[PDB]
Amino acid sequence: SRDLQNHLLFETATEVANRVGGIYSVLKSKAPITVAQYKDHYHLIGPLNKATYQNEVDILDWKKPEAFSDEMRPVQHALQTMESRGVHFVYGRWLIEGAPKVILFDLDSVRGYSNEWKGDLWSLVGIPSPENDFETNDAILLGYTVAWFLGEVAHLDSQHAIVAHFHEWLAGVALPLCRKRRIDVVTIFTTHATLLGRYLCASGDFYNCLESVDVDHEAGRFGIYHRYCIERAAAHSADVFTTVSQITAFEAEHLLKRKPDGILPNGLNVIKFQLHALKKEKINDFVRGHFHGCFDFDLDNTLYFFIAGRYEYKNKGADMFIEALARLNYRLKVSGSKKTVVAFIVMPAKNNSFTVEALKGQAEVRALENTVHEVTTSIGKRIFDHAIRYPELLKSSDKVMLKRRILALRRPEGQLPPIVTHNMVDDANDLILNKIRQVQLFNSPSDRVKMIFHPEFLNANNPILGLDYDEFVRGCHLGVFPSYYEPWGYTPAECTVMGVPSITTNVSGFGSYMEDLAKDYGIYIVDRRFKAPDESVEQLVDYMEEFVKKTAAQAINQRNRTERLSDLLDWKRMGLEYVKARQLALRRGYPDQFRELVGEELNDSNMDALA
Amino acid sequence: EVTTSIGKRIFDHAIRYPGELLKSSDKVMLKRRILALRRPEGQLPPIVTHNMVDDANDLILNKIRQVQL
Amino acid sequence: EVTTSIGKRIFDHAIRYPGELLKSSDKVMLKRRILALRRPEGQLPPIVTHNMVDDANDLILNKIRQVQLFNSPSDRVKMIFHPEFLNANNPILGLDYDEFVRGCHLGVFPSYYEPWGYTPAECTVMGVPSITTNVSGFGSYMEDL
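Protein chains in written order, with the entry's author numbering: chain A, 2 to 205, 208 to 277, 285 to 401, 415 to 540, 546 to 639; chain C, 384 to 401, 414 to 464; chain D, 384 to 401, 414 to 540.
A few of these clues could be false.
In silico DSS-like links for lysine-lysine, alpha-carbon gap of 27 Å or less [unchecked claim]:
id, chain 1, residue 1, chain 2, residue 2
1, C, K391, A, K349
2, A, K275, D, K458
3, C, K426, A, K348
4, A, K289, C, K391
5, A, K370, C, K391
6, D, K391, A, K64
7, A, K600, D, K418
8, C, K422, A, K391
9, A, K64, D, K422
10, A, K559, A, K547
11, A, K65, D, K418
12, A, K51, D, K422
13, A, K547, A, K289
14, A, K422, C, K422
15, D, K418, A, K275
16, D, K473, A, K51
17, D, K473, A, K64
18, C, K391, A, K426
19, A, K292, A, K370
20, A, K391, C, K458
21, A, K559, A, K289
22, C, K426, A, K422
23, A, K40, D, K458
24, A, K391, C, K391
25, A, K40, D, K418
26, A, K275, A, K40
No lab work stands behind these hints: they were computed from the structure.
Whenever a hint applies, use it, and build me the whole structure from the sequences.
Pasting the structure below:
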């Protein structure tokens with residue numbers, strides 16, 4: 002009879018020590034909080050990537066008697082066993098804050114049992130498996146191996162109750178087998194999206212008619228069925244099934260046919276982040299360089315809005331964003347407003363570096379700054395040297424360079440400040456460019472919202488916008504992320520962690536989470557789920573307008589409010605949901621033993637029903 | 384302070400395209428500062444920086460006094 | 384980051400008065428940073444910093460290829476071709492021409508046709524030894540002093 006109190010934890014995922022997904026970040030940022038709790042009882046397991054593992058893993062020698070404590074011996078012999086049978090792997094530490102221990106199976110050292118396994122899978126779970134699909138070959142390989150490893154452990158270990166957490170389908174094949182072979186681990190499966198969710202939303208309706216689609220048919224339609232089956236099989240074979248967000252839990256219910264037992268939101272290592287004025291000034295420098303020759307508005311009266319993230323035109327809501335800004339521009343012209351909104355779109359596209367036109371802008375305004383500085387320290391010297399000697416300060420020499428530098432700013436007649444900072448490797452087909460053309464936001468002086476597409480990551484060493492993303496974000500006034508498909512939404516979340524009011528939606532994971540915890549705290553949530561497409565856009569313009577018409581003091585209220593929401597997103601608090609999931613996996617596995625530890629019988633239908 | 388102001392005024396005119416640059420406020424605190432440097436008539440710049448705990452006897456002082464520097 | 388962590392710990396000790416000064420936290424981030432510098436086996440430091448819009452036909456690249464200066468460790472002269480004007484605000488070589496020139500030791504301008512040669516001349520005005528030629532305008536003028 003096993004120890005529920007002092008248990009083992011094995012977290013499995015494709016991303017363990019190779020950034021291939023956004024799960025990499027979850028796992029990496031969670032390490033610290035879980036390593037603190039489980040110390041050397043915790044291991045992450047994943048497919049060894051032979052291209053990268055050396056940049057991320059402190060390779061350890063696992064055979065040395067020191068490598069493991071005495072109670073943790075069994076894992077070591079468990080590994081020992083695996084090597085006998087010719088299963089090669091890299092034990093080691095994953096070089097991140099927390100430095101959790103890691104088992105990385107060489108999928109090549111097992112590639113042999115390929116056919117034998119594709120078969121054994123189909124004849125226990127009816128999961129088809131074409132040979133042209135490497136990922137599933139890899140995901141089956143990984144699966145059989147880990148299940149193998151865990152049986153071994155469960156065999157040798159007999160003191161520790163064993164929980165095994167699996168993330169996303171690619172690391173889920175182990176889940177059916179663990180249930181089939183009646184292996185003595187309680188299992189947990191978290192999905193960070195559904196295959197069908199992505200695929201259905203990859204064209205341009209969803210959140211309404213998802214409850215009435217024939218999944219078996221739609222998976223078919225996408226050449227996905229075998230992948231779909233692994234994702235479902237994992238979801239039913241798990242003792243506890245979870246998703247990262249409420250919104251995704253609803254998608255999972257109907258697309259995978261099992262109602263999630265709970266939600267495991269993504270937290271951040273909030274210390275890792277924790285200025286606005288100091289950084290806003292760097293954005294100012296950019297704007298003067300960009301609107302040189304026709305800089306006709308007041309920076310003390312302009313607001314900076316931004317959107318950022320992967321370039322997913324429809325799914326990240328770049329379409330709503332631009333459209334809403336065009337409609338925000340009308341409202342401000344008609345209302346006769348005094349303010350300007352310069353709106354950045356930071357979304358990496360294929361590009362051929364900066365446009366000549368945008369490089370010049372900056373260089374000429376930088377030289378103006380230099381000349382002014384040289385000229386005024388000259389006046390300084392002259393005023394002071396007069397005063398100290400007691401008993415037009417600009418000489419002709421300075422006037423001439425001053426004049427030259429100001430003439431350098433004039434721009435060709437009828438030429439407007441570019442809507443893009445880079446050379447697009449597809450100017451004609453680009454979804455963003457074409458959408459801001461359609462709405463005719465061309466940065467003309469009449470236009471009260473200005474547009475700036477920057478199709479590349481931000482680095483502080485750039486000739487244009489000399490900010491690192493984190494710097495730029497702080498410098499700004501409002502983040503705008505009208506996402507349509509977005510299981511978590513790190514960017515809005517981490518935007519808020521940095522003390523910057525933001526707009527998300529109720530169909531973002533982060534959004535939906537945030538909903539249950546209004547607008548006074550610097551988070552607006554656009555309803556993209558129940559209003560019609562157009563009413564959603566209009567609600568977005570309302571939130572923007574409201575924000576523009578905010579007094580200097582009304583804004584500093586909000587800023588200060590959101591900044592205090594930051595502690596709500598640390599793993600210190602969100603990690604408690606991983607604990608409910610684990611402890612529900614235990615309660616379900618050893619119902620009897622669990623009653624003895626708690627002093628009664630607690631309810632076991634949800635993680636929240638338990639606690 | 385005065386010159387960084389002049390700086391910002393010259394830069395803002397320029398950046399916006401399309414004579415006394417010292418405004419009255421500056422000329423004032425400038426004048427005050429210059430006047431506080433005036434020394435009481437016939438008071439020369441001292442030959443010493445410190446309070447001498449024996450001003451009359453000190454060899455150094457007296458010798459520079461004797462040579463009237 | 385790590386060093387000021389140490390400075391803080393050393394001072395705070397002494398000031399309170401009355414061995415691995417690097418905690419585990421710091422050793423991990425140090426080790427990652429060191430491993431991130433490992434280059435793929437057999438990769439030598441490029442001879443060029445940029446993307447050549449005609450890599451195969453380029454006169455400079457082809458000549459340094461024909462002389463086989465490939466920057467391997469045995470080579471006692473390293474070769475860096477930087478096909479672009481120098482600007483302080485660059486990711487790679489953050490210097491203006493004038494900064495870079497000054498920070499070098501020797502400018503080499505073996506010109507064949509050059510009625511003056513402002514480059515070697517200004518090089519010299521910035522206090523840097525330089526090699527020109529008796530067929531360079533500036534060289535010729537220099538030979539008479």
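Going down the list of hints, with the structure as the test:
no., hint, result
1, C:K391 with A:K349, "22 Å, holds"
2, A:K275 with D:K458, "49 Å, violated"
3, C:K426 with A:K348, "39 Å, violated"
4, A:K289 with C:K391, "19 Å, holds"
5, A:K370 with C:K391, "22 Å, holds"
6, D:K391 with A:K64, "39 Å, violated"
7, A:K600 with D:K418, "22 Å, holds"
8, C:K422 with A:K391, "16 Å, holds"
9, A:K64 with D:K422, "23 Å, holds"
10, A:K559 with A:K547, "18 Å, holds"
11, A:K65 with D:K418, "24 Å, holds"
12, A:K51 with D:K422, "24 Å, holds"
13, A:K547 with A:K289, "25 Å, holds"
14, A:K422 with C:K422, "22 Å, holds"
15, D:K418 with A:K275, "18 Å, holds"
16, D:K473 with A:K51, "31 Å, violated"
17, D:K473 with A:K64, "44 Å, violated"
18, C:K391 with A:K426, "16 Å, holds"
19, A:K292 with A:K370, "17 Å, holds"
20, A:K391 with C:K458, "39 Å, violated"
21, A:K559 with A:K289, "37 Å, violated"
22, C:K426 with A:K422, "26 Å, holds"
23, A:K40 with D:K458, "58 Å, violated"
24, A:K391 with C:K391, "17 Å, holds"
25, A:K40 with D:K418, "17 Å, holds"
26, A:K275 with A:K40, "21 Å, holds"
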